[PDB]
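Q: Listed below are the residues making up each chain.
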Amino acid sequence: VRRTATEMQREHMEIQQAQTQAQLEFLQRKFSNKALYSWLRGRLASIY
Amino acid sequence: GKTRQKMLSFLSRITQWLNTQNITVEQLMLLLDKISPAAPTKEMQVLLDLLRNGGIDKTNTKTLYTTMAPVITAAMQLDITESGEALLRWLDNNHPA
Amino acid sequence: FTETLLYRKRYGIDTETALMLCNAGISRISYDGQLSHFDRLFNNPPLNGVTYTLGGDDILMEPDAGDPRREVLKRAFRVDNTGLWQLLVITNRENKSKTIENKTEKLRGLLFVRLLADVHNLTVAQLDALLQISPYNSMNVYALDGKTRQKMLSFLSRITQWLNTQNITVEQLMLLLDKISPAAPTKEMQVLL
Amino acid sequence: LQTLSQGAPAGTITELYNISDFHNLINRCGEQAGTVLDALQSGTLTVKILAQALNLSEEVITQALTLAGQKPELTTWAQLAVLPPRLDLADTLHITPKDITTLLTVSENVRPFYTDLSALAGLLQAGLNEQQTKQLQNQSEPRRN
Amino acid sequence: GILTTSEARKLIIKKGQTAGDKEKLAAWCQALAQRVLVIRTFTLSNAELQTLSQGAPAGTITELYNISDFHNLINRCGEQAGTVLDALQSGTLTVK
Amino acid sequence: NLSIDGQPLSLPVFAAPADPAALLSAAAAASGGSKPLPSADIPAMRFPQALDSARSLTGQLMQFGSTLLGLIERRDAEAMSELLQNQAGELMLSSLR
Amino acid sequence: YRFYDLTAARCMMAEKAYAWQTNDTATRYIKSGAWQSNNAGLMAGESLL
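Residue numbers (the working numbering), protein chains in the order written: chain C, 94 to 141; chain X, 27 to 123; chain A, -11 to 181; chain Z, 11 to 155; chain L, 466 to 561; chain G, 5 to 101; chain U, 12 to 60.
Since the hints were derived computationally from the structure, they do not count as laboratory data.
Cβ coordinates follow ideal geometry from the N, Cα and C atoms, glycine included.
Just so you know, not all the hints are guaranteed correct.
Far from chain A by the CB rule (all over 12 Å, computed), these chain L residues [claimed, not checked]: (1) 469; (2) 480; (3) 511; (4) 524; (5) 552.
Here are the computed distance ranges between Cβ atoms for each label pair [as the list claims (entries may be wrong)]: (6) A:179 x Z:26: 31 to 37 Å; (7) L:478 x X:121: 53 to 59 Å; (8) X:53 x G:19: 31 to 37 Å; (9) U:48 x X:109: 25 to 31 Å; (10) Z:11 x G:96: 24 to 30 Å; (11) A:133 x X:50: 54 to 60 Å; (12) G:83 x X:50: 32 to 38 Å; (13) Z:41 x G:49: 52 to 58 Å.
Extracted from the complex, chain C is given alone in its bound form:
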């Protein structure tokens, strides 16, 4: 019983891994990411 509880702990850990990858993927695909503000920052620094 304790081994089939720790296998469920492993499955819980794998679904936390999948959720962390979904969060990273959301921060990369989104529009207001690092790249948008990077281009806007450099472009406004030039204009300024």
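Chain C is fixed; fit chains X, A, Z, L, G and U onto it per the hints.
A: Quick look at chains X, A, Z, L, G and U alone, frame taken from chain C:
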């Protein structure tokens, strides 16, 4: 007997150096690749359109760097505009042919 | 025989279930001194003390009807009142009859259709939806030769393993593949327009 | 709220029962409840779209509609409050909602016929497990002996 | 039977929308929502979408197999998938 | 190679398990060409007034751009706030299980 | 998006008024690249002004 000796010493040194610097062999390959160019990308055409437009980059040196610097440091995702200013200097002082 | 070994190798089944997947009839005859597959399927125990014989002429599958032979079928194929009609739909979608006959081959066909869902870890509504996406829309279990059944089982195993790897269920795939058949637009539609 | 805003009676207990049943049904609808209440505010709520929302079969909701018969004309929310007790009772007994008017007519009869009594007995035994029907045989055979 | 978006623009600017050809536009939006669901059920990016936007067949199972295999390959590409789909949109994708 | 109880005298055939695979998703920079300039025509206002008339609308578009970046940023925060709650619910199911 | 097309033609009217009142049609000031589809046209009015 001698150049094999030196070769094994070279491989041991580079392997221990890559383990201490926490970087793999493939990243070192990308550090040392000869370019052998091809057609530019669409992001390249964005970059060339953005430098081509905007203010004309000044013909005086040390002003060329500080005018070209913010778009280059945007295009490389570097931290500071002065870091991207000195990057053009470091590729200008020395670079492969 | 080699399909029986393969269908036992994957899915980890008993060999008689693999034979029932391999288009074999239900045996009335007791094998190695136990309850036969017909009797352990239907008469273990006999429902209300009624030994389910194959008397004939009277089984009706449409749910709003009263018949005592329907209940041993619902117990035997482990399915509810709508699902038994759904099995009769999956057996032949070109045959639109409501009744069946009480022969031993009709029970074999229904048992085959039930094991198609029970083996692949589907419910029978999921199998009904999953054979509409299939090239096996029009199928007959009583013209089912050895080759197209083989290919059908390979199709169902492939789509089931694909849905387990892609982390998406059967109902989401249904919504991916639904023909529209439109109706009146919503109020959010009128906002959009 | 806006479904209930156009004339839901509230002010006694047997009306809060109906409001709670309606709230239970719309929570079972879930993410697709918006088009259900949009169809109910219009005159276009059918059994097909509501079976699509509840993720139940169309041949189940049209059976629970026959109980307290309003059967094809789902135009008001008060006919939707009838559904969750019928669906819960057809869940806890693994039977269809058509399979329960026989329960209410035989199990409330004072002289039930033997054929209706057996046609309900095998009916309730059909939905059992294999372990459960073995336990039921172990309970039933000493009584008949 | 689903409208071209130019035909949808021609329909959506009319004098009066009839009893007909307004559930046609509703079926168009239902097909749009079905393709949105195709996009979200594989979690495909912008670049994978715009590669598939110029004529990826979807509408039967053996085409969703191909879309899932393409999504698997571009996930294996990973961070460098942008130049892969940029080369594929051009005529310069090589094996190297 | 068994003993008298049928127990194996050999050590069992070991098998070290596979390492868990690192997840990796496609990441692409957004691509987009610039928009060409609209055509020209001489106005009715002289330059000190037409310049002010253009400056008004360019300041208004600055206001629109700031408002639009605020709305994009705020939508993009709310979508993550809803994503975290969907993940917390489907993680709470596993914890209860 | 449809306001950028409004204000860019105003910038062009300003440039044509400048080119008419001082006869300098060779020079140009309102140049391209004000819209950038990577930014969805964000910070166009900054460059125009």
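Q: Now tell me, hint by hint, if it's right for this structure.
A: Quick rundown of the hints versus the structure:
Under the 12 Å C-beta cut-off, the non-interface status given to residue 469 (chain L) relative to chain A holds; the minimum distance is some 16 Å. With a least CB separation of 14 Å from chain A, residue 480 (chain L) remains clear of the 12 Å interface cut-off, as annotated. The non-interface label for residue 511 (chain L) is consistent with chain A: the shortest C-beta to C-beta separation is roughly 20 Å, beyond 12 Å. The Cβ of residue 524 (chain L) does not lie farther than 12 Å from every Cβ of chain A; its closest approach is about 8 Å, which violates its non-interface assignment.
Under the 12 Å C-beta cut-off, the non-interface status given to residue 552 (chain L) relative to chain A holds; the minimum distance is some 27 Å. Between residue 179 (chain A) and residue 26 (chain Z) the Cβ separation comes to about 33 Å, which falls inside the hinted range of 31 to 37 Å. Between residue 478 (chain L) and residue 121 (chain X) the beta carbons are some 57 Å apart, a value that agrees with the proposed interval 53 to 59 Å. Between residue 53 (chain X) and residue 19 (chain G) the beta carbons are some 32 Å apart, a value that agrees with the proposed interval 31 to 37 Å.
For the pair residue 48 (chain U) and residue 109 (chain X), the beta carbons lie near 27 Å from each other, so the given range of 25 to 31 Å is met. Between residue 11 (chain Z) and residue 96 (chain G) the C-beta distance comes to about 28 Å, which sits within the given range of 24 to 30 Å. As the Cβ distance of residue 133 (chain A) to residue 50 (chain X) is approximately 56 Å, the hint placing it in 54 to 60 Å holds. Under the hint 32 to 38 Å, the C-beta atoms of residue 83 (chain G) and residue 50 (chain X), about 35 Å apart, fit the expected range.
In this structure, residue 41 (chain Z) and residue 49 (chain G) meet the distance hint of 52 to 58 Å, their C-beta atoms being roughly 55 Å apart.
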